[PDB]
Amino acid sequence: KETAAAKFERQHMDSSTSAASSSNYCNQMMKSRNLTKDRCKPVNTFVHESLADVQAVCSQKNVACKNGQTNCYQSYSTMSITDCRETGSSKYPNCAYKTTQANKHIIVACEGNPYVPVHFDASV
């Protein structure tokens, strides 16, 4: 049973890549990190940083999470991300995603001792 902290890592964390590798990168990852399982996930962004530099966002500028809450942090720093937005042509079983690559600020929600990222909230 995945602890949230690792679930986050499975849906959000690809450190082994500098950035998107192609464009069916999205399709490879969605699939490969089980997001396309019980349905196709609407959208999912992936961070291309070390877990260590990401977990340390929990000590960076504290912001309100989109949903109204208060355990969210935004990186002081810019970080490379790939947004997997799903498309029109996407019919789970076959979820089709569009690789949109960027190098921007992540805002995540932190929880637990150790206080790690748990939810990816947004990116600006």
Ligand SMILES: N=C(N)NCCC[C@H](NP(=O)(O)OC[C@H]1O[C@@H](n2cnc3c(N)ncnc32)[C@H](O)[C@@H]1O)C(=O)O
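In this text, rigid core is short for the largest set of C-alphas that superpose within 1.5 Å between two forms. Positions refer to the first chain, counted from 1. Shifts are known only where both forms have a C-alpha. Compared with the form deposited with the named molecule bound:
- In this overlay on the rigid core, residue 109 has a C-alpha that sits less than 2 Å away from its partner position between the two forms.
- After superposition on the rigid core, displacement of the C-alpha of residue 19 between the two forms amounts to 2 Å or more.
- Segment displaced between the two forms is 16-23 alone (run of at least 3 consecutive residues, each Cα moved 2 Å or more after rigid core superposition).
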Second form
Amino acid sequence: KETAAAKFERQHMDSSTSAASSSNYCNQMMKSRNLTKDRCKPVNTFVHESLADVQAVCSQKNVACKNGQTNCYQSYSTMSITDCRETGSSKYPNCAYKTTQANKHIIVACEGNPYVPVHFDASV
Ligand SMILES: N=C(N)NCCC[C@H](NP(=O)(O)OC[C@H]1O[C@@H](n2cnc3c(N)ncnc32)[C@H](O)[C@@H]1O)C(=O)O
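Next, give the form deposited with the named molecule bound, keeping in mind that what was shown is the form deposited without the named molecule.
Below: every chain and molecule of the assembly, starting with the one above.
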């Protein structure tokens, strides 16, 4: 059964420098990562850094999470990311996305032993 850490990897990790894809990065990735299965996940961030650099964020800048938890962490360096956000005409199961590429500081929530990212909180 998928661990919280595994799920963050499937949902958010795409280690590859930058978005690369055949047609439309978000439409393809949101499908392939199973984020269109039971509905159109409305917004999803992919991170294009190594797993090691992302995991490292759990010991970087401690910040409050959007939901009021205190177990979130902001990266010290900007990171390559892509934002996927569902278009207005998107309707499950015909999920369609707008692709926005960015280099920003990521904020992840981290949990467990070992203490690793389980949730993608914000980009700053
Ligand atoms: N709710 C926040 N802060 N973010 C949700 C949208 C951002 C989206 N992050 P995500 O898919 O990794 O996580 C969203 C889910 O995470 C739950 N969630 C919100 N705060 C959380 C937290 N502090 N820790 C674990 N899960 C949290 C939300 O209810 C959503 O179900 C992204 O990819 O950009």
